[PDB]
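Note that this complex is displayed minus one protein chain, with the remaining chains in position.
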Amino acid sequence: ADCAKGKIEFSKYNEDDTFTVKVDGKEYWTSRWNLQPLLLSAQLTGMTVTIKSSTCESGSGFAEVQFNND
Amino acid sequence: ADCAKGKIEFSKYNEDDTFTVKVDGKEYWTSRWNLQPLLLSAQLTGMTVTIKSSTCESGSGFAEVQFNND
Amino acid sequence: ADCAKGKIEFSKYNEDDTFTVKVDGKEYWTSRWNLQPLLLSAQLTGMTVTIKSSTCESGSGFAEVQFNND
Amino acid sequence: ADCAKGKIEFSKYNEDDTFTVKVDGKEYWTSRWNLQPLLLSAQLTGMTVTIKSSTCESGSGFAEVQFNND
Partner (left out) sequence: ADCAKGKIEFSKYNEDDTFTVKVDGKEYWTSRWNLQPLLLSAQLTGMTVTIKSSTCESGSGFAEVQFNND
């Protein structure tokens, strides 16, 4: 389901090789290695991201995310 | 066969590590890793892509795509 | 041997995970995975590339290229 | 620990295959190859970065970094 739709206000490369983004005032992270360069490209180029997940509370893991232009 | 032609409406990183793009009203996906950064960049810059595949209805897989600045 | 000098008219991710470019009306492929985001960038920014190989016919494999800002 | 917040002043690919960045007048290195294209991306677009690590002297190793677009 759709956890968070907005820009990335920040992203963070973590010690455990995971990647966090803050979207709509909610941090989420992912262990999808290959997602990384993609998220940072979204951030850098002001894309709207939709973070899609089973569990949507601030701090959970994710592996699905849509990229929209806007 | 030329399935779709146009800009990427949106893209989506999928839970099974496949990558989906929407072109001329239809959704297609790839499981070629190397394809993701490539599709993203294309969307970012408004490239015109031609998805080429075996079947062309929405939901189809593809491993072939032409990039134009068209 | 300089097979084709110019700008990339279009680029293609092949079914067989190789990469095709078209330059001064002739098409070339590389199996060099490394070269993809590179070729893609040169197209995006309209660089002059010089493709190089021992055999200069259309749909020949190549493994060397010069990226210029010409 | 927030070791340094600012813009990346320069970056350097090291002989030993680590990667250094200068932020708020201090040098930090990382061995996470994955950070390299992100950090160069952040520099070119003058994002503000926060280097995070256990220890903060100049010439320390780090693997945690926040990317602000702000």
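Labels A, B, C and D are assigned to the chains in the order they are written; within every chain, residues are numbered from 1.
The definition used in the following text is that a contact is a pair of C-beta atoms (placed from the backbone, for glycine too) under 8 Å apart; a residue touches a chain by one contact, two chains touch by 3 or more.
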| item | value |
| --- | --- |
| For chain D, the residues touching the chain missing from this view | 9-15, 17, 33, 36-37, 40, 43-44, 46 |
| On chain C, residues whose C-beta touches the chain left out of the figure | 32, 34-35, 37-38, 41-42, 45, 47, 52, 63-69 |
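Note that in this section only the chains that are shown with their structure count from here on.
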| item | value |
| --- | --- |
| Distance from the mean Cα position of chain C to that of chain B, given in whole angstrom | 21 |
| Distance between chain centroids, defined by C-alpha means - chain C, chain D (Å) | 34 |
| Residue numbers of chain B (touch at least two other chains) | 37, 41 |
